[PDB]
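One protein chain is absent from this view; the other protein chains keep their places.
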Amino acid sequence: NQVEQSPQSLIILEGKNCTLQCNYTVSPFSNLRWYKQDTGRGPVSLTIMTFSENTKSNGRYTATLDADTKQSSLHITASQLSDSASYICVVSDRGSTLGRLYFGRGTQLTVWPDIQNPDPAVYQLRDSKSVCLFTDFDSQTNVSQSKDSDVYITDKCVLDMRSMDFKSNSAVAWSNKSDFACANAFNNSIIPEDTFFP
Amino acid sequence: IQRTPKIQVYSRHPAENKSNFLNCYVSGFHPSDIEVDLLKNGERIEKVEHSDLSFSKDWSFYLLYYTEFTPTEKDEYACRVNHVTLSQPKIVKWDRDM
Amino acid sequence: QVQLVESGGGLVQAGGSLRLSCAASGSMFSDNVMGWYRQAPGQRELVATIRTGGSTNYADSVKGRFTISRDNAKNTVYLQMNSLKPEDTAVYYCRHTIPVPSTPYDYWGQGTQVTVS
Amino acid sequence: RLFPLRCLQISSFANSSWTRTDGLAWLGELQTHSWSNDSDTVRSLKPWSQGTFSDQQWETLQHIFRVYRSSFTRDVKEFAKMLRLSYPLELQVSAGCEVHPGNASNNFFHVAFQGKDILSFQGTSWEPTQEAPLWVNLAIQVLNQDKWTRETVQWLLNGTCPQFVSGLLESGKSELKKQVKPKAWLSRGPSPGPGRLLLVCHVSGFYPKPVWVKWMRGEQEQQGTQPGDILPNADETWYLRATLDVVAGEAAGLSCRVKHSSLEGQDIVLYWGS
Partner (left out) sequence: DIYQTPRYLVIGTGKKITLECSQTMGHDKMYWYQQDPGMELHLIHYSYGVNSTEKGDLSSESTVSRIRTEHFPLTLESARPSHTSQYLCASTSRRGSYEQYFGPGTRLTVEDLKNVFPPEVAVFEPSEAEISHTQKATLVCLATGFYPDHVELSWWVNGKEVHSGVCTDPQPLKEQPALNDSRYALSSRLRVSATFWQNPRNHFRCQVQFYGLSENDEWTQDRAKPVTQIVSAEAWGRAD
């Protein structure tokens, strides 16, 4: 297509810095726009660089541009958790209010937390008139989902307690039938042996 | 907002009868597409050479059509044009004198 | 058809100061722009807008640090590099082109090297 | 002794599906380049039509217009939708620059719509006609918001335009200073009244457009001497006819006087009898 974006999907850690690239073939050219779409919300305008404006920054974001090679990049530093969304590359082939807009296919990233002290464990809690949970996992450790439709298994998602600078993983799985044993509810997922579960 | 044109036909050489060519000048037409034909006393000339259309300070167009020939004591020539400002295509016959 | 003269390269230590040369000739083109682009090994960045006659704009990383000058005859350009920083080492190319993009008139010099110790 | 540059642009839009854009350039009174909607290049008619610019100083320009040709068309296609303009559409654009002695000059850029000009270009921003419709005003806003274009144009009127002219005069002085001797004769016109006849003075095949011609009785300029409009020809040498209504008995000693640069005082002596 007239605007190819790279890479499709990328995963990085909290506090790291990485880059997002964008390559376009559109003739003509007027300006370049990097946008950020909150998951399930309207995307937001960030950098609006004409072809003279090579670089521009809004906060912890800093995009670059080389029109001679028709190539855009996007540098962010010290990745926070809130940075996780889908990112787009938009070009307008006019400068006035007549340019057609050429969106890139869109990239999406994930900033995982780097947890220094991991204590993986599995607990069971009351359902106030049934579900076991697993938490505090090495973010690099991976999960699979249920073998049979009777059993349900979610995926990872992290949480932040800004009051005490705590950021920890979490995961949940359950079923209805009485055969629901928490010891084997995760066997499809490879988990470390240091996991202690009551 | 619509100007109709003004046609003028003339020859390059004062000919007796003496290869010469002829020119038809049209100007002051407010739109720009017109059907034009030089007619040898009732019939058109396929082999013809024209120039590049322009307009004047008032943006009123003008153009010139020329063609080489050999004039007669008998035949008559004219310049025909169909424009939006004319329902009927106006013709201007050439005076071999003035 | 243009002329490519880049001169003024060398090695320096931190906090140094240099001056660069660039001119063009032959099939030239009245109002134009010259200047330089540094390429840190990796990426050519603007540094100096020349805008023959027309007011200009430098780079923020060198805001006030570096300053240019126009030959104003030989259509040559001089740049005064001052208060150099160690990280400012890169390949420095001279460019002469007009302020309209994507033209075949975008000529690039042979390239000059700058190293700060 | 002035030779202005007139770049002419013609672009017709009958319906949304079909359009053509052609253009050319006049210097003073001479054509140098033709450019069709069919050709990806502007045609240098003269060998010196390229001026002083090398095939790269030249092609560079061809790169702009070729893009400009494509660019201009969609704009107006979408322009009309924003402005609800009942088709068809006829747009004309007159532009160039003209030099003053030494290193001073002035430029221009006049655009016209349906045989009525709309806006011009003043300084560094678009300005409409004082007798222009309003929709033009909202259009004036939109165009001023594309600066690179605004800059791209000043770079042409201001600067690059006049240098190229200088790059042509040295290349075209021979053709420029050329002069062509007219060919004059007389003929009878049909009588405009009883007895009073119409005397025609013919001039054809000359070069430098400007000429003064009057019917005279030896040295007496005749009021009734009426002439028409100067008209062209194929090889760039023009033609003209001057007339006069007088009675036959007054045709004795009358003469048509011809004054043009191609002869210097050896005026075309034509009394009534040749």
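Order of writing sets the labels: A, B, C and D. Residues in every chain begin at 1.
The definition used in the following text is that a residue touches a chain if its C-beta (ideal position, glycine included) is under 8 Å from a C-beta of that chain, and two chains touch if they have at least 3 such contacts.
Undergrad: May I ask which residue of A:23, A:52, A:135 or A:189 touches the chain that does not appear here?
TA: A:135
Undergrad: I'm checking contacts with the chain that's been left out. Which of A:6, A:23, A:124 or A:195 qualifies?
TA: For the chain that is not drawn, the touching residue is A:124.
Undergrad: Need a quick check: the contact residues on chain A for the chain that isn't drawn.
TA: Spelled out for chain A, the touching residues are 33, 39-45, 48, 88, 90, 92, 97, 101, 103-106, 119, 121, 123-128, 131, 133, 135-136, 149, 152, 154-155, 157-164, 166, 168, 170, 172, 198.
Undergrad: Would you write out the residues of chain D that touch the absent chain, in ascending order?
TA: Here the touching residues of chain D are 78, 81-84, 141, 145.
Simple rule for what comes next: only the chains that are shown with their structure count from here on.
Undergrad: Indicate the whole-number Å distance between the mean C-alpha point of chain A and the mean C-alpha point of chain D.
TA: 64
Undergrad: Taking the mean of the C-alpha atoms as each chain's centre, how many Å separate chain C from chain D?
TA: Result: the chain centres lie 44 Å from each other.
Undergrad: Could you tell me the distance, in whole angstrom, between the mean C-alpha positions of chain B and chain C?
TA: Centre separation, chain B to chain C: 60 Å.
Undergrad: Enumerate the residues of chain A that touch no fewer than two other chains.
TA: Touching at least two other chains: 51.
Undergrad: Which positions in chain D touch two or more other chains at once?
TA: Residues 148.
Undergrad: Residue numbers of chain B touching chain D in their complex, please.
TA: Per the touch definition, chain B meets chain D at residues 1-3, 8, 10, 12-14, 21, 23, 25, 30-33, 49, 51-55, 58-60, 64, 66, 97-98.
Undergrad: Provide the residue numbers of chain D that touch chain A in the complex, in ascending order.
TA: It comes out as residues 67, 71, 74-75, 78-79, 142-143, 145-149.
Undergrad: Under the touch definition given earlier, write down the residues of chain C that touch chain D in their complex.
TA: 1, 27, 29-31, 98-105
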